[PDB]
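One chain comes next, on its own, written out as structure tokens in the form deposited without benzaldehyde (HBX).
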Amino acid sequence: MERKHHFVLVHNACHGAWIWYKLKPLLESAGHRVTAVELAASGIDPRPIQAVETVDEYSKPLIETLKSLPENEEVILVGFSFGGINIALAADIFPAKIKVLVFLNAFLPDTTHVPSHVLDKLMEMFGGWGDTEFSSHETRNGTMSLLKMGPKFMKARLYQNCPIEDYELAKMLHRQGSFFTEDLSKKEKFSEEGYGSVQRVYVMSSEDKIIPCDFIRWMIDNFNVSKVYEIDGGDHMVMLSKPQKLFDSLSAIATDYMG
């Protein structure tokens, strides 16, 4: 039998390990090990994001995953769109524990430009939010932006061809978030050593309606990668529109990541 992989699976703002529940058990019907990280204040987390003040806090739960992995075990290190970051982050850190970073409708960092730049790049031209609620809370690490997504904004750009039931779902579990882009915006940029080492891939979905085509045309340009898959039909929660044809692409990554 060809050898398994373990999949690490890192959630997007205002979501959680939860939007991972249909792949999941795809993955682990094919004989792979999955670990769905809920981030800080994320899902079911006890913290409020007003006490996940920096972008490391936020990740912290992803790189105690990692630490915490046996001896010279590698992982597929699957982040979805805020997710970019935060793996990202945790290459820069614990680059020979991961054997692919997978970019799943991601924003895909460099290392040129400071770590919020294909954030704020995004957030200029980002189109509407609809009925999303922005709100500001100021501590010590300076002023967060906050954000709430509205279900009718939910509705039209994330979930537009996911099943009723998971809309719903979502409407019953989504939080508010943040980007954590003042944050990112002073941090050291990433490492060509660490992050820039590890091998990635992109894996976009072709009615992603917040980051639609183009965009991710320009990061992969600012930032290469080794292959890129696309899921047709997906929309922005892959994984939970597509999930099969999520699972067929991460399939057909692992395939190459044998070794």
The other form holds:
2 protein chains.
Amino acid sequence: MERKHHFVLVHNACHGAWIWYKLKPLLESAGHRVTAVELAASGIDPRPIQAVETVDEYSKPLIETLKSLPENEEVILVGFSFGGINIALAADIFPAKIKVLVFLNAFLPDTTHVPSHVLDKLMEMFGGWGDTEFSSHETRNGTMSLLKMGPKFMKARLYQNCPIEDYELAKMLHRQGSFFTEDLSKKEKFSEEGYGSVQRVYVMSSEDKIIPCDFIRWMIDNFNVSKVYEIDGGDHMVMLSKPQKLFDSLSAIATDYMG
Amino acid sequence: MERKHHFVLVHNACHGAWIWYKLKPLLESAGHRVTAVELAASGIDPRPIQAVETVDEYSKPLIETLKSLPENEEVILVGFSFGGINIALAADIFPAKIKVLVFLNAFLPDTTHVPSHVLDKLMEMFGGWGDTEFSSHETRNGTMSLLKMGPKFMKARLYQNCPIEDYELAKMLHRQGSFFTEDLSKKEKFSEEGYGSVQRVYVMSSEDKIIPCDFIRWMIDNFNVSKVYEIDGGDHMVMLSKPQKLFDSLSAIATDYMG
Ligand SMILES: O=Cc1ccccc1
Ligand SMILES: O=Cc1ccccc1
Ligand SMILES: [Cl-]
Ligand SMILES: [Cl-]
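Would you generate the structure of this protein in the form solved in complex with benzaldehyde (HBX), following the form deposited without benzaldehyde (HBX) above?
What follows is the whole complex; the chain from before opens it.
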């Protein structure tokens, strides 16, 4: 038996651990261990987003997960969408606990620009937010930009290739969130010694209507990865629309970082 | 075509509106309207159950749903497990808004004993709590008893016939809850003129391992229904294990109350 790995999965803003409900048993049936982190004010986390005023607070449950791992264990750390940012923040704190970072339809930040740089770049050219509701919350850390996805926007731009049941599930579980773009723009740049030292790969869906191909190529061109994997027919929510094919991708990454 | 109906679906303790993610699109594909309510401190409500101290506070979202219906609209109101108690409370308030009550693997209270009667009976009888964690919380009006299911318990007694993904999903979303036994013990009896005036039917799963088949006849003997429907092969979480058969049962019920 090839030795198996421990996958740590990190969800996107406005969602929670639940998004991995299809992928997690597939990985576990193949012998791997899986930890699906619930970030602050996400999923069933008892805080509202208004109480989570910085990206460091938002990311704390991932940092805690990594901190709690036994000596010398290393994980395959998978960041989805805004979870690319969380996993970068984590890699700058515990680089030696991460075998490889997996940027799944994710923001891939660099070590040259402020950490908000790839978000700011997408936000400028994003296309329609549809029925998404924007709001502000003033805090001792400044003003937080909040959003709550609207259902037409979800259907059209996130879930377009997902079974109707997954879309209904998401309608019942998605929450108001934030991309923390203000807090990120004033944070120290990610380090070359921490984050920059960790192996990375990028997994993209061919039909992601949120993170388009040319934008991904721009991010990778600014900050290279070791390999790129494509999931044909995937929407942005690829763990919901193509979980088997996502399994196949992760399995191929796990064989590549054997030992 | 047949006249379609508005189904209001009420989940069980420790769960939320998400449980209905397979059934809702089935009902909606057939032309019906569906509202899946989220009870207080349930699902993604960022309020802990400790803050909700009374069954009336718990049930408020359901009450609000019915109050918001336009004048003369009537619904088929479906309560699952503890949701049986919520639908009875609602029927004592708005009996004329309810075409029929559907007790789905549910507690069916009577109008003779104190409202906690059927819950107290089940707690005396039931020996399989397993790794469920029981606890108390003191309020200004007395002890409030709480529970958080354990995952071994869930698998053995609630989800044993569900796809593994549904179990994984429940593990990521279940929460500490309450059956409000003390509060319900102090409450006035349900009335004949409200709750007892409403049409009611029972839908049971043939392999319910928490609400046993005999306990169901005992409840229906204490308080009769118009009709009992049986879903063959269902576990307790029958909207997850046998959603198409549950859809069949509710479509038969809707045909029976041609509105
Ligand atoms: O990928 C996560 C996301 C969340 C809200 C809006 C757009 C994208
Ligand atoms: O059916 C709901 C339920 C909830 C918690 C424990 C046991 C049963
Ligand atoms: Cl995101
Ligand atoms: Cl229950």
